[PDB]
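What follows is the residue order along each chain.
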Amino acid sequence: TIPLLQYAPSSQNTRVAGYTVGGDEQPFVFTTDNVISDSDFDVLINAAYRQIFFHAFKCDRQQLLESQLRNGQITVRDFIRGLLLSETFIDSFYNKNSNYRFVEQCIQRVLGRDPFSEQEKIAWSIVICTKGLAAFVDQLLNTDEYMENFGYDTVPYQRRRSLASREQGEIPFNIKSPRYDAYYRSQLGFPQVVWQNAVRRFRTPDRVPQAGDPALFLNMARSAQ
Amino acid sequence: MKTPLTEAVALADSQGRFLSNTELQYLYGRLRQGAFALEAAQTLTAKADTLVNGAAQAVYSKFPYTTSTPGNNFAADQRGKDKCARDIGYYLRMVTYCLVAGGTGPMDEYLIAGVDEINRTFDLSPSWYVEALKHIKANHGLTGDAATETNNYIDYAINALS
Amino acid sequence: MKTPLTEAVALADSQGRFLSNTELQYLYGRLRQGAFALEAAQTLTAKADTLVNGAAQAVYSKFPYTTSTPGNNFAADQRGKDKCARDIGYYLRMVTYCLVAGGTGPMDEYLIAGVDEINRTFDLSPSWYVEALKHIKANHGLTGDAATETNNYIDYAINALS
Amino acid sequence: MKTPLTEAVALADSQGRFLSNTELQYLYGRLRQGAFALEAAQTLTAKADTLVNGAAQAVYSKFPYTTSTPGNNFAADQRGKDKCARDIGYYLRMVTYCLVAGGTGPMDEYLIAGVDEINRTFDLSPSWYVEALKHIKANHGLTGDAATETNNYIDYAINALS
Amino acid sequence: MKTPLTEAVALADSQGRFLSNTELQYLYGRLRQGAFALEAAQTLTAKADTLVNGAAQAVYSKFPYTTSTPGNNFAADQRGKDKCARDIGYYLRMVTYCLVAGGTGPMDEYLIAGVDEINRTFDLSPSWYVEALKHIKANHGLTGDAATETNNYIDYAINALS
Amino acid sequence: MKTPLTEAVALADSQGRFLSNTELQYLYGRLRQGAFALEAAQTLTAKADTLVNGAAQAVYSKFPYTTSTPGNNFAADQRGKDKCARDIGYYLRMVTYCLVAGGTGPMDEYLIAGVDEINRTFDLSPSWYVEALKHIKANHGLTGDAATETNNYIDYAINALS
Amino acid sequence: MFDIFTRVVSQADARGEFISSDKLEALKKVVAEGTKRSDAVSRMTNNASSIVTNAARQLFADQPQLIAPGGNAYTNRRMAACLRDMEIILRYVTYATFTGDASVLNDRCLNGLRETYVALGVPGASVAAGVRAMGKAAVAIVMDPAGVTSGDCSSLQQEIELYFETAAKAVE
Amino acid sequence: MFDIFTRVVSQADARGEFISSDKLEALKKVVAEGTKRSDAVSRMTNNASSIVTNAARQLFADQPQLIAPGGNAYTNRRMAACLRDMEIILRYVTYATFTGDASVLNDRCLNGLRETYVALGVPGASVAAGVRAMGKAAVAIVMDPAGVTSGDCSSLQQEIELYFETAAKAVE
Amino acid sequence: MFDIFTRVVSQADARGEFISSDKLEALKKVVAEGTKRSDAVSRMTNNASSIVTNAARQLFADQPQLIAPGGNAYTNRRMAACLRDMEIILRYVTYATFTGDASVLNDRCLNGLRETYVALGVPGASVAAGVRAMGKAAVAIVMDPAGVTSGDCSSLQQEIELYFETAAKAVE
Ligand SMILES: CCC1=C(C)/C(=C/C2=NC(=C\c3[nH]c(/C=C4\NC(=O)[C@H](C)[C@H]4CC)c(C)c3CCC(=O)O)/C(CCC(=O)O)=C2C)NC1=O
Ligand SMILES: CCC1=C(C)/C(=C/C2=NC(=C\c3[nH]c(/C=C4\NC(=O)[C@H](C)[C@H]4CC)c(C)c3CCC(=O)O)/C(CCC(=O)O)=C2C)NC1=O
Ligand SMILES: CCC1=C(C)/C(=C/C2=NC(=C\c3[nH]c(/C=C4\NC(=O)[C@H](C)[C@H]4CC)c(C)c3CCC(=O)O)/C(CCC(=O)O)=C2C)NC1=O
Ligand SMILES: CCC1=C(C)/C(=C/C2=NC(=C\c3[nH]c(/C=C4\NC(=O)[C@H](C)[C@H]4CC)c(C)c3CCC(=O)O)/C(CCC(=O)O)=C2C)NC1=O
Ligand SMILES: CCC1=C(C)/C(=C/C2=NC(=C\c3[nH]c(/C=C4\NC(=O)[C@H](C)[C@H]4CC)c(C)c3CCC(=O)O)/C(CCC(=O)O)=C2C)NC1=O
Ligand SMILES: CCC1=C(C)/C(=C/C2=NC(=C\c3[nH]c(/C=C4\NC(=O)[C@H](C)[C@H]4CC)c(C)c3CCC(=O)O)/C(CCC(=O)O)=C2C)NC1=O
Ligand SMILES: CCC1=C(C)/C(=C/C2=NC(=C\c3[nH]c(/C=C4\NC(=O)[C@H](C)[C@H]4CC)c(C)c3CCC(=O)O)/C(CCC(=O)O)=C2C)NC1=O
Ligand SMILES: CCC1=C(C)/C(=C/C2=NC(=C\c3[nH]c(/C=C4\NC(=O)[C@H](C)[C@H]4CC)c(C)c3CCC(=O)O)/C(CCC(=O)O)=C2C)NC1=O
Ligand SMILES: CCC1=C(C)/C(=C/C2=NC(=C\c3[nH]c(/C=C4\NC(=O)[C@H](C)[C@H]4CC)c(C)c3CCC(=O)O)/C(CCC(=O)O)=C2C)NC1=O
Ligand SMILES: CCC1=C(C)/C(=C/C2=NC(=C\c3[nH]c(/C=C4\NC(=O)[C@H](C)[C@H]4CC)c(C)c3CCC(=O)O)/C(CCC(=O)O)=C2C)NC1=O
Ligand SMILES: CCC1=C(C)/C(=C/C2=NC(=C\c3[nH]c(/C=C4\NC(=O)[C@H](C)[C@H]4CC)c(C)c3CCC(=O)O)/C(CCC(=O)O)=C2C)NC1=O
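For the record, the sequence lines run as chains C, Z, X, H, Y, W, E, V and D.
Going by UniProt numbering, the first sequence opens with residue 2, and the numbers climb by one from there.
Going by UniProt numbering, the second sequence opens with residue 1, and the numbers climb by one from there.
Going by UniProt numbering, the third sequence opens with residue 1, and the numbers climb by one from there.
Going by UniProt numbering, the fourth sequence opens with residue 1, and the numbers climb by one from there.
Going by UniProt numbering, the fifth sequence opens with residue 1, and the numbers climb by one from there.
Going by UniProt numbering, the sixth sequence opens with residue 1, and the numbers climb by one from there.
Going by UniProt numbering, the seventh sequence opens with residue 1, and the numbers climb by one from there.
Going by UniProt numbering, the eighth sequence opens with residue 1, and the numbers climb by one from there.
Going by UniProt numbering, the ninth sequence opens with residue 1, and the numbers climb by one from there.
Only chain C is shown next, with the shape it has when bound in the complex:
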């Protein structure tokens, strides 16, 4: 069928080479092949959850993918695919956002980079409505950038967020993009005002005692004999 629009790429910290070195701003990398103990599976599963769902609660966790991955038949790439097509991601991210903001969020969380331009999210928003969320996630995983940067056996991360000798590099994309936007919090109607200022009690205004007032000596008379 109809191919994608050709959108020109824009400059970013990713398409550039970069001379990376081992520091902490580099995300700890979680790979299926070397975790081989039972606890390190828990750390990897927690990290993939932190990326895809932002701290999934026990309701959001899928027993089948975690079980099957601890046995080792599942690849972590297939595990991320199963997370994206799972209903808690669809419910939290595909439902509440429009197609364009969903593609923005999904590119950030699968590929680990911001989309290059608005026309890229526009060009990728054809395929999700025409061919389904499964085909969108499948075509996203099959692209060569996800494969060269992470591969089969690596949980993705935000790639080259922070440059050397910077205080800040970049917003971590978990802070930057939450699941609501302004448009759907308007539907939920959340800014109901806290209204705890200027209540205007009607009781009579207190007047400071004038010089020579009897009360002025009340507080010392209470302390005296």
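Derived from the structure by calculation, the hints contain no laboratory data.
Mixed in with the good hints, there may be bad ones.
No more than 20 Å apart at the CA atoms, straight line, and that leaves these computed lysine to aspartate or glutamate pairs for EDC-like [claimed, not checked]:
hint: 1; chain 1: H; residue 1: 83; chain 2: V; residue 2: 62
hint: 2; chain 1: X; residue 1: 62; chain 2: Z; residue 2: 7
hint: 3; chain 1: W; residue 1: 81; chain 2: W; residue 2: 131
hint: 4; chain 1: H; residue 1: 47; chain 2: H; residue 2: 116
hint: 5; chain 1: C; residue 1: 132; chain 2: C; residue 2: 149
hint: 6; chain 1: D; residue 1: 28; chain 2: X; residue 2: 123
hint: 7; chain 1: C; residue 1: 59; chain 2: Z; residue 2: 145
hint: 8; chain 1: D; residue 1: 36; chain 2: H; residue 2: 145
hint: 9; chain 1: H; residue 1: 137; chain 2: D; residue 2: 115
hint: 10; chain 1: C; residue 1: 97; chain 2: Z; residue 2: 7
hint: 11; chain 1: Z; residue 1: 62; chain 2: X; residue 2: 123
hint: 12; chain 1: E; residue 1: 169; chain 2: E; residue 2: 152
hint: 13; chain 1: V; residue 1: 28; chain 2: W; residue 2: 39
Got chain C sorted already, so can you dock chains Z, X, H, Y, W, E, V and D with the ligands onto it with the hints?
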């Protein structure tokens, strides 16, 4: 958001296919459900106030250490029992919403997704709400088909809590 | 598997670089820890049996409805109290393992990862093990630095349970 | 950015947990390091000017074709030798920063990440800075614990260059 | 593996389409190249032995500290100069292979991918092979298309080395 | 967007390297192509109007049910035949653009990507445009280099349609 | 992501000469007070859960809308997410007083948090009141002495008040 | 991503009729001068490394801050990254004169580069001076004739000055 | 991935009672010798590059095929990849003596390495000779004492010989 209609739309939507005959059946099968379901929601709305009061009675009679031992979580004083009336009223209202929508999605969205951390951090033993929902499912006195729907309904509530 | 040495190895493996000068300090800082830690593990091994018996005493005195009300979870009969001795002995032994390893990884691997579903499905209120660990951390009587390390230790246990 | 404290924070952030006994162990092990490290940084600051002059002497005596052959990279004239004083002063200052921070992260961030392309495109043979760092590690004269850090320290510099 | 034909096949495979008109033009443009390229490969095969001997002469005359200073990398004794004859013969042979294939792929596959670590770990300054390839470029004597092709060719070699 | 030059640029960009010797070879092979290609584009521009009229004649003579049967797709009345003149003029113009660019990319971008759904939904049998392109490739009377390229050219058109 | 040791390093590098003696007295007394600093952090994270529930319980006693229907923290996962956010802010302020610098706090969590809470519809002043009450309990937990040698932690009481204040003012 | 052949194609398609004769004289003389064009590109990329180091060596002789501490290109990886950027700009201007169109240059590298250098803190005028000096050396290696039969190169000396100028003005 | 502390933990857990006193004497003397252990690791990784080039230079002096054409390490990236593999084996044996256990070595790098070298066509005995010579130099960086306190390192020189031997025998 689990109603049969939105899941039909999500299936057609995920697939990308147009609405079909398979989706259509759900709508007139939602007739087998809804023709009693709206009646049962109304009669639960009538039964509601005595249901929460009896459920509070059953929870206090099952666990006397709640009404005895002083604590923030326990209903020793008045305000704890007010929190209990609030919590069981929330549970009964989510049962009514779950009954009107046709699926567990309102109940699964408004109650179930955070109940594990709330029961962990705030020291609310879920067997209390087990007692409350079991007393409700014994006391509601639904008739025929509507009653059967609630059991599947209220058992899902207990299974999410347990 | 959280010990400081395996985390240094994991950091060096994830970065793909051999251990630096900073990595070396880690182990001679494990000297500030271990020079009391092995002593404290031995004295906990000596204190162990009276610790579990006193913790069972404190849990039964805090919650009399456990020893009163008949149930599978509650310690009404002998075999329930035997399960309690098993559970608190497991908790104390994981504290000793956590103390010898130097990090929370044995305790986090052997206890913490499944405790939420076990407390949900088997009706084990975690405030019971809160009482047990608080009684242990009051009763162990550790001296100096060893006592403080365990306290950060036992507070992590309560924070995982609460 | 490799100091032991920021790596402890990075480990706790990647796992999503709070600190443990290990963080305390890490920093009071940074006592085993820092109680000599700040002394050694001060005495290197005192030794610094004769260190760069002797290192320039050793590099010129090892490789006479630098002072002989006319070129932009070679120190034939004055301005080349000024560039050499700048380069070895930068190396010694990064050693001092690496010593004060406790880990290789300042040195690995300010020197190591681009040295391969700079030595490739600008025709700077790294064996020159090998000579310079070997002369520094022979000439600095730090007794006891300080010497071990430097060898561990300055050997990492040579291993990054070679 | 960069020849124009395999890149046409790789483009058609990645697009999953049948060969286009441009690919067909591609090979009769490989006629503009190859009709001199095979001649130039033969005359380089004839020129080869005096080319390596003159390149060794130029490298030894440019850098006398190689023939003077004793070392494993430096050609002080016989076996070092034998290694030099091997290295420059390898460079000239990769130039001949690169000329016969039509693209840089043999040269980029057999030389370029590891030259940075080999020059880093084994202390081989790449300006030596810069001298060698510049001396080779100067005296081949090829006339016309082959000469122009060689310059683009040998400049790519120097640009990979520098 | 398939011309040989943009595919050379795309290959060099995907490989992240400067344009090589092979890329240079391709454009002077675009000389073997273009030295006849621009001539053939001009003579097709001259031949164009009689080509579309003869192709409409051949399509109407091959399929008389188009000119007979009343329908929106069929050319029963005048406006259908006007649509036919538009469609075959579009096909001939894309052939001319494809000839001038050097690759199938203009034709593959402007015609081929949507032709399957248009022929499916609008009831346009592609064997009609098969007849039209076969009549064009028989009637154009191109010679030498232009003739061979066009057949490769117009056969690609029929292969995309069939 | 900056330790105060590498704060001195990066400032002396942007200057471009060696670390002066006055900064070395300061760093030596940093080393003599970092003992207080590091395990001040861990006693703050000792009762971190009870601190979080007490601050949230006070906040929902002060503002009854947030547990009223229609409020921001009303449904169960939104209330759990609010507890998650308060735990995260406490944990990052704990990291910041462990590094000894507010750079991790302003760098890791605070910066886009202002825009996130505005775009979600989340009230910011409620978070500000929560982090302020949480900070009061935080120093006092660390400040109060149970089974610890008496010492001057005034700087710790000082610097952790600064860190909680930067958190609350950057939430806004 | 546009060849000048498909520039004529896309303009004639947006017009919607065949390519006129005047554009065909122009394209024929493009074909007669593209010989000059393509290998003008490769002789520009012949000494591309020495061009890059000479332009950077001139730039850091003109602005001594960028190798002074506190400057933008001071530390070793930042200096290496600056060399990488200058090589990238030269390589893309080389692609642009190979395509014969500045569309690859404005499309592939220049557009977000302005915002990238502003958001990084990188000076833009220093890059502008670097690309201008690099372009002067570039034609004089393209422009000067060595081993090539002398022939008119006005379009080539001309068009590559235009491409370097668009690069420097779009960096700003 | 196993520290010797959690080796004792996992063995006592599979037993299922507390850690006995004899294992606690052993672990206390482990704590008294782990000082030697950890920075034995770092002095091994002090000259790790020169160790790697010396072992490879000896290996290609012993087997002239591997730099002869047709050999396994002949072309430039294959030779660089062989240096990468020898560095990786040294780094993992360094990790293994830092953990104090060969579990990281047998767990992280050795296991599929045998099948990888067989399926690639890589000789295994050449790697075995390389790791053996590398281990000899490795202890002696550690084994010889220069400008430092004398000690009973015989036990420890011991363990690194065991680790290099397991590496070479598991390559095969
Ligand atoms: C969709 C179908 C499906 C099944 C059935 C399945 C089983 C399955 N059971 C597992 C473990 C397990 N299975 C058991 C089983 C039992 N305990 C006992 O003592 C009894 C013999 C038995 C209870 C019947 C135990 C104890 C483990 C944990 C072993 C471990 O994780 O170390 C694991 C390893 C992952 C983990 O849970 O840690 C998988 C994948 N996975 C699937 O995807
Ligand atoms: C709409 C779905 C929904 C659920 C499930 C829910 C549970 C819930 N119950 C709460 C409190 C409570 N719930 C109870 C009720 C009980 N505790 C006991 O010990 C009794 C046995 C039981 C009475 C049946 C009490 C006593 C509190 C008070 C906690 C406190 O004051 O700190 C709170 C803390 C909020 C507050 O401070 O008012 C939540 C979020 N809230 C919801 O909005
Ligand atoms: C190594 C870490 C570890 C933990 C944490 C653990 C918890 C644990 N406690 C259990 C049972 C139990 N634990 C208790 C203990 C108590 N319940 C109460 O009501 C008392 C207040 C409290 C005494 C302190 C009791 C009574 C059971 C019995 C459940 C039954 O018989 O169905 C069971 C069911 C296994 C069995 O049937 O024997 C598990 C898995 N097991 C472990 O292996
Ligand atoms: C990671 C495991 C670990 C811990 C927990 C640890 C704590 C620790 N705190 C110490 C001191 C101290 N800790 C405090 C702390 C305080 N005093 C107050 O009155 C304040 C309220 C409070 C700070 C808010 C003080 C005042 C000292 C005095 C000694 C010193 O300056 O270190 C010391 C000095 C050495 C010793 O006590 O034997 C230790 C060991 N050391 C460790 O290795
Ligand atoms: C903070 C870490 C850091 C490092 C490592 C560094 C290396 C470095 N050394 C340079 C130049 C230089 N470095 C040297 C030094 C030497 N060359 C020789 O032949 C001598 C043997 C040796 C003296 C020891 C010389 C001569 C140049 C001049 C290059 C030129 O003028 O083109 C340049 C070019 C910058 C300029 O033009 O001033 C860099 C980036 N710069 C840094 O900022
Ligand atoms: C097919 C592509 C290819 C390249 C590029 C290549 C480089 C290469 N040159 C080497 C050695 C060498 N190459 C040289 C050559 C020189 N060194 C100098 O100082 C002179 C200036 C220069 C003479 C021009 C020398 C002296 C060695 C010896 C290193 C040693 O014996 O340790 C080695 C070590 C292998 C061995 O020990 O024989 C490699 C891999 N090998 C290849 O197979
Ligand atoms: C891709 C590999 C490749 C290259 C590099 C190549 C170049 C190339 N340039 C040529 C001609 C030429 N090239 C130039 C170029 C110039 N003269 C000047 O004075 C100007 C300054 C400069 C342009 C800026 C000229 C003037 C000619 C004359 C012949 C012709 O028109 O082609 C020719 C004609 C045939 C021949 O020389 O044998 C070749 C081969 N051919 C190839 O196959
Ligand atoms: C640039 C590439 C391009 C192609 C390929 C193209 C095909 C195309 N042909 C169309 C119509 C048509 N094309 C034809 C032509 C024919 N049908 C027959 O039955 C005859 C055998 C044949 C004459 C050769 C007719 C009759 C229609 C009319 C459909 C209608 O009026 O509903 C339409 C509908 C647009 C309209 O309503 O005017 C499209 C999109 N359009 C393009 O822009
Ligand atoms: C590392 C730093 C970091 C922070 C701080 C952060 C905040 C953050 N808070 C959120 C939600 C939330 N935040 C709150 C906040 C509160 N409830 C109230 O009523 C008060 C006004 C306030 C408590 C202080 C609530 C209720 C939500 C849930 C809104 C929703 O998810 O619909 C969300 C949306 C995702 C979700 O949890 O459902 C993010 C990303 N994320 C980060 O990565
Ligand atoms: C395809 C087109 C493209 C361009 C142009 C591009 C530029 C680009 N330049 C960068 C940095 C840089 N750019 C410079 C620039 C210079 N140094 C100076 O002093 C001068 C003002 C200027 C030299 C002209 C420096 C020093 C850095 C490193 C800053 C840093 O990484 O901290 C970075 C950050 C990543 C990094 O290299 O660390 C990008 C993405 N990326 C692209 O994808
Ligand atoms: C990470 C930075 C660091 C290093 C490098 C370090 C080394 C170090 N090695 C030590 C001791 C020692 N180190 C050795 C080592 C050996 N003696 C031999 O004859 C053997 C050949 C060799 C082992 C192969 C010995 C024998 C001692 C005696 C004291 C002790 O047992 O610690 C000590 C004891 C305290 C002191 O010397 O002041 C230090 C500091 N400490 C540090 O904080």
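Here's how the hints hold up against the structure:
{"no.": "1", "hint": "H:83 x V:62", "result": "holds, 16 Å"}
{"no.": "2", "hint": "X:62 x Z:7", "result": "violated, 49 Å"}
{"no.": "3", "hint": "W:81 x W:131", "result": "holds, 16 Å"}
{"no.": "4", "hint": "H:47 x H:116", "result": "violated, 29 Å"}
{"no.": "5", "hint": "C:132 x C:149", "result": "violated, 25 Å"}
{"no.": "6", "hint": "D:28 x X:123", "result": "violated, 41 Å"}
{"no.": "7", "hint": "C:59 x Z:145", "result": "violated, 33 Å"}
{"no.": "8", "hint": "D:36 x H:145", "result": "holds, 14 Å"}
{"no.": "9", "hint": "H:137 x D:115", "result": "violated, 44 Å"}
{"no.": "10", "hint": "C:97 x Z:7", "result": "holds, 15 Å"}
{"no.": "11", "hint": "Z:62 x X:123", "result": "holds, 15 Å"}
{"no.": "12", "hint": "E:169 x E:152", "result": "violated, 27 Å"}
{"no.": "13", "hint": "V:28 x W:39", "result": "holds, 9 Å"}
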